[PDB]
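Attaching a single structure in structure tokens format; questions to follow.
Part of the complex only, each chain left as placed.
A and B label the chains in the order they appear, each numbered from 1.
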């Protein structure tokens, strides 16, 4: 007659099989399932999610008579009776664990029990515009159903612990329905571009601008070839660091990688042209690559020195003319390309 | 009749259900719960904590008669009877582990048993003033309670193994109460700024000072543009290192990131101005960007050389005047900005 006695008798019943008597169709209600994001990986595009759900089903064999047992509820260990397992079929490595060791059972057979599902979903995201990206990820929630025996799952509400999970920010988690009456959660993922814009795009933009203005350095004065090779080996490091953390899979791959490649090529070409111009200024032609008498001798020497200085000036001015032409052309194309690349990366 | 026989009888009773006889309300006492911090993550803002608690509850069915059994205590395996599970509902990934395989039971039904809860809590900390930051983190301690059946938790004292856990230092762990009679522990986390200030803030401040002094280098003499390009590509590396370990989530994001961005922009602007001044000094105008007779001829040559030297001096002096004006302007704005930025980062 004790409530503990009722619990013990229910344990001794050993009902470790599901209530499949009614045509092997068990309606399982899961109201108020709470979703949370634990991490997001950008290189692998994999989402770690935690879903705390409240399963509520019916077990007719676990229903006593109220007259003999004057109680309305009883708490039993989870492993001493049957309990459904909830799966994330869409993702890999799904694991369901029990929040508590005890579950409540009412006098009419209703069973309430809270569970936690940790899942890893191979999310597909349109990462073409890094970092200005964001997309919707489906997460399937399913319970076992094979052939004739099918246990429908009825879901009511979803609550999301929305908040940044690192670089990525989870915006919403809504409940939608699939084609074959499959319930799933649509999770909206977005990228906070405040970090990538400052750490990646801004330094490269300033570096390209510095290269554009680097043509002010005179060829003869020096401090120009080293200045540009420093930029080149810095942009190579940038390319390596960018490649270390973005997926170069296939169609709609991130376009920042191609932009870095093109900027590196442009910088290398500019440095090459600068070095060739330096040689032209120094030598005067690009042939390196291709295979009272005492009072008179003094004015002869003086005019010889003057003529030498004049030739030095002329050969230092011709290369300056060529450098000016190339600088105008290069700066125009570089600015137009940078504007086009930004317009593509933000609105395409 | 032996104590081992009594223990075996209690094992054979198989009371694996909760002592829910008295209206399904079991008061669980947890006096002297010890808290310790294992790690703190600054980027993800996640706290790993270990709580060693001493649960002490009542099991009426596990109470023998003292006259037949002349003993006052008996130790039984934890898995052979019922035991409550303690949870950290506020945080993710909570696991409760049995410290020992045995528990003590008195003759009046009281059961003493110690447990260890390892939990990971998504801590919310105001990280605006990195590294001068510190805040209070709630850690909930809860046990299962559903519907009619509730088992209240009564907590008495908290002891903290206070000590640095890396960059972060745990200051205190007090016991407070929530709204709906929920017991929780408030943990005070603080940042030891001795490490971040030396490794991060001091080198950047000294580099900025070196940039402010860098204008002393003569434009014609060289060694100025490469000197600043080294600083710029070092500050880019500093920005990357800062972005690697700080959360750029949203409002009240760390201000050191914006400070590094602004310092980098100022350095790049100083470089551009210096390079333009170098071109102006070399060429004389910013048009590169914009599209007895023997005894007399020697005097002509000498005065021509003297005039050329005078022109060289004048073009090297005009750029010096412009550089001085820009240096005064830039140094005043830089000092005022650095003072304002430190004032913001310290007391805002």
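In this text, a contact is a pair of C-beta atoms (placed from the backbone, for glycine too) under 8 Å apart; a residue touches a chain by one contact, two chains touch by 3 or more.
Undergrad: Tell me how many copies the full complex contains, given that 2 of them appear here.
TA: 5
In the analysis below, only the chains that are shown with their structure count from here on.
Undergrad: Can you give the whole-Å distance between the Cα centres of subunit A and subunit B?
TA: Between these chains, centre-to-centre, one finds 22 Å.
Undergrad: Which bits of subunit A are touching subunit B when the two form their complex?
TA: Residues 2-4, 7-8, 11, 36, 38, 50, 72-77, 80, 99-104, 112, 114, 163-164, 166-167, 169, 192, 194-195, 198-199, 202-203, 206-207, 209-210, 213-218, 221-223, 226-227, 230-231, 234, 241, 292, 295-296, 298-299, 302-303, 306, 320, 324, 327-328.
Undergrad: Please give the residue numbers of subunit B that touch subunit A in the complex, ascending.
TA: Where subunit B meets subunit A, its residues are 14-21, 24, 43-44, 61, 85, 87, 92, 144, 146-149, 220, 222-226, 229-230, 232-233, 236, 239-240, 243, 247-250, 253, 257, 261, 264-265, 268, 271-272, 275-276, 278-279, 282-283, 288-289, 291, 294-295, 297-298, 301, 304.
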